[PDB]
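Assemble the complex: chain A is given as a structure, and chains B, C, D and E must be docked to it using the hints.
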Amino acid sequence: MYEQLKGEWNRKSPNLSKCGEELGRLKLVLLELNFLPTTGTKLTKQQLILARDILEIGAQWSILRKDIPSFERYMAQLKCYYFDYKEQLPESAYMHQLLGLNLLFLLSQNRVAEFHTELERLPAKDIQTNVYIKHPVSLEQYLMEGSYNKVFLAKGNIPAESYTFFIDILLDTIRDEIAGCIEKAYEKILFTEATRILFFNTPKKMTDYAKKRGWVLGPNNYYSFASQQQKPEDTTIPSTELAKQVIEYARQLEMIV
Amino acid sequence: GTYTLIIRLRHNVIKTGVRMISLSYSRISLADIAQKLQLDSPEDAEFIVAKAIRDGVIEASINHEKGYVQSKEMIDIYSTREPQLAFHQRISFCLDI
Amino acid sequence: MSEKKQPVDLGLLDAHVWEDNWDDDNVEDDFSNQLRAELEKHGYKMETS
Amino acid sequence: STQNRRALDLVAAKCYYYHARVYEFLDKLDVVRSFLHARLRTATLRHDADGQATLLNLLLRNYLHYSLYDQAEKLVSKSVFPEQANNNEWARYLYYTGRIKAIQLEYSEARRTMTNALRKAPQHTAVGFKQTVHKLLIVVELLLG
Amino acid sequence: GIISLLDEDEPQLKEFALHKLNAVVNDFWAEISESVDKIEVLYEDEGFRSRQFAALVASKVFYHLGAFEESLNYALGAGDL
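Residue numbers (the deposited numbering), protein chains in the order written: chain A, 1 to 257; chain B, 390 to 486; chain C, 1 to 13, 35 to 70; chain D, 196 to 340; chain E, 7 to 87.
Excised from the complex, chain A in its bound form:
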């Protein structure tokens, strides 16, 4: 059924002459009929199971090439096909792994709102099944409070693969959160502590932070401006707008209603 697929799907195609074939096949599956459901031809499952297989394998080999902007296309379309249902058999090799991977990606962009709004679509597999799904929510739970040592040490235990392109940027956004937290007006920190608090012994990446953000480290002092008092004694702005206000009170008080 217009397959032309069984060549280098299982075997790895490290940027082989493949993306052209994916483009061809997606054009063709567009041509054949409904690439997105319009409702009909229910018994016709081959154009459906084929479609979901194509999309999932494309995303699986897309994470390898690190197309973060494109990756969302495939993941969204897989989400579309996981809910028309009809009578299609749901189970695949994935339908768990792909959701756990989507979950990690969504967390690493540091947008936990939609992360939490997506937990409202799988009602009984959360704390019971699919270790692929128990690991990410466990990670978010640990990130909810300040305990981070376990998060760093959890790298030894990974569900399926390296997942590197999703956990490395997670460690970087942890960098960001810690930096955004350790602010507020505190005292001098010597050139050892804030370096050894996170990970790095004494490289220039701490220097990159220093010359990237503020805290001029002159007399060993890292200082962040966390006073921002401003607003002095400024009766004049009242003296205008309050006069406007009172004139209005007296306006709509004696005029005939």
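Read the hints as simulated data drawn from the structure, not as lab findings.
From the three backbone atoms N, C-alpha and C, an ideal C-beta is built for every residue, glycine too.
Be a bit skeptical, because a hint or two may be false.
[Said to hold, decoys possible] Think about it this way: if two alpha-carbon atoms lie no more than 20 Å apart in a straight line, the pair counts; the simulated EDC-like pairs of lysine to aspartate or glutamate are: (1) 27(A) / 16(E); (2) 125(A) / 145(A); (3) 79(A) / 37(E); (4) 20(E) / 37(E); (5) 150(A) / 432(B); (6) 404(B) / 177(A); (7) 269(D) / 33(E); (8) 66(A) / 15(E); (9) 404(B) / 145(A); (10) 440(B) / 87(A); (11) 209(D) / 3(C); (12) 273(D) / 76(E); (13) 231(A) / 471(B); (14) 12(A) / 67(A); (15) 244(A) / 471(B); (16) 184(A) / 448(B); (17) 66(E) / 268(D); (18) 440(B) / 145(A); (19) 27(A) / 13(E); (20) 223(D) / 87(A); (21) 27(A) / 91(A).
[Said to hold, decoys possible] Pair by pair, the computed Cβ-Cβ distance ranges are: (22) 86(A) / 12(C): 37 to 43 Å; (23) 85(E) / 6(C): 51 to 57 Å; (24) 172(A) / 50(E): 38 to 44 Å; (25) 431(B) / 172(A): 24 to 30 Å; (26) 280(D) / 199(A): 53 to 59 Å; (27) 483(B) / 69(A): 55 to 61 Å; (28) 462(B) / 199(A): 36 to 42 Å; (29) 280(D) / 34(A): 41 to 47 Å; (30) 334(D) / 462(B): 48 to 54 Å; (31) 216(A) / 304(D): 53 to 59 Å; (32) 304(D) / 59(C): 41 to 47 Å.
Quick look at chains B, C, D and E alone, frame taken from chain A:
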């Protein structure tokens, strides 16, 4: 139809504990916050307290070298302009009625 | 006027006639179940030191 | 339009409610929601009162019966029309927006809006949704500290 | 969602995607709203085809949003369709 909200509650448990502590004292060492919260490590107590400060749970600051946490006190809200605003809104409503 | 028609439903349907006038919920919560023997709480504290 | 004053003043407003209830009672909800979208659209143009209150509540109701996105609608909704309401529909509209705010990790301002929701219910004996809103209020206030 | 198809290059692909959206817009407008700028990118630019369809779908979504001047401008732009 409300199970998922309460499934995440333990962390806000520890948050409530530290908030009541914040309201109790003013100047307190970290050598006791974790000790009386059953938290064994005093390194992560820094982190949980700092986050609690970030989102506005408690108003204190931290002296990382010294080891004490003190909370600022801001008073005399009568002298500011905000009560005038709170009253003006109600004046408008009553005239509307 | 007071229609109160409701798709939401009643839901459900004592040995507690001890109404202590009002509240005590915070009060009973304060000494939930411990620190009971206040006499002993003092006495076995003055001999401690 | 000719008898729109009377026809939409009531009768229609309650009709939509009962017709929706039927479907919920022992049926599906979907083409109902398509019909509701269409009927909301035909309002908001000729008329702007109670045709934008009952429909808003019903539509958000069936969205919440499942667990969809549920937010991208409120932002452009224009809010339940003020200036007129039965003060009843304001109550459940507030309850709905309160819930959809609480589930999306926005706690602090959920309690105030849903408490405002609760204070608008009548003195009537029915404890149908008063139990519900109280239960949700307790659980959101165990958050924070 | 399907709107993501507007990002990939293929003119035939995009001319399928937006050609189908105008069927479901009649109630997905609240979702579609957050991308009308991107749709408008493919209008009043000659590097596209059946561009009047883009104009039409713009007038649809703006009509639902009640920004009636936008709708009228894009209806004059779409013309005969």
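Checked hints:
no. : hint                        : in the structure
1   : 27(A) / 16(E)               : holds (9 Å)
2   : 125(A) / 145(A)             : violated (24 Å)
3   : 79(A) / 37(E)               : holds (16 Å)
4   : 20(E) / 37(E)               : holds (18 Å)
5   : 150(A) / 432(B)             : holds (13 Å)
6   : 404(B) / 177(A)             : holds (19 Å)
7   : 269(D) / 33(E)              : holds (14 Å)
8   : 66(A) / 15(E)               : holds (19 Å)
9   : 404(B) / 145(A)             : holds (9 Å)
10  : 440(B) / 87(A)              : violated (48 Å)
11  : 209(D) / 3(C)               : holds (12 Å)
12  : 273(D) / 76(E)              : holds (18 Å)
13  : 231(A) / 471(B)             : holds (13 Å)
14  : 12(A) / 67(A)               : holds (17 Å)
15  : 244(A) / 471(B)             : holds (17 Å)
16  : 184(A) / 448(B)             : holds (11 Å)
17  : 66(E) / 268(D)              : holds (17 Å)
18  : 440(B) / 145(A)             : holds (8 Å)
19  : 27(A) / 13(E)               : holds (15 Å)
20  : 223(D) / 87(A)              : holds (18 Å)
21  : 27(A) / 91(A)               : violated (26 Å)
22  : 86(A) / 12(C): 37 to 43 Å   : holds (39 Å)
23  : 85(E) / 6(C): 51 to 57 Å    : holds (53 Å)
24  : 172(A) / 50(E): 38 to 44 Å  : holds (40 Å)
25  : 431(B) / 172(A): 24 to 30 Å : holds (27 Å)
26  : 280(D) / 199(A): 53 to 59 Å : holds (57 Å)
27  : 483(B) / 69(A): 55 to 61 Å  : holds (56 Å)
28  : 462(B) / 199(A): 36 to 42 Å : holds (38 Å)
29  : 280(D) / 34(A): 41 to 47 Å  : holds (44 Å)
30  : 334(D) / 462(B): 48 to 54 Å : violated (33 Å)
31  : 216(A) / 304(D): 53 to 59 Å : violated (38 Å)
32  : 304(D) / 59(C): 41 to 47 Å  : holds (43 Å)
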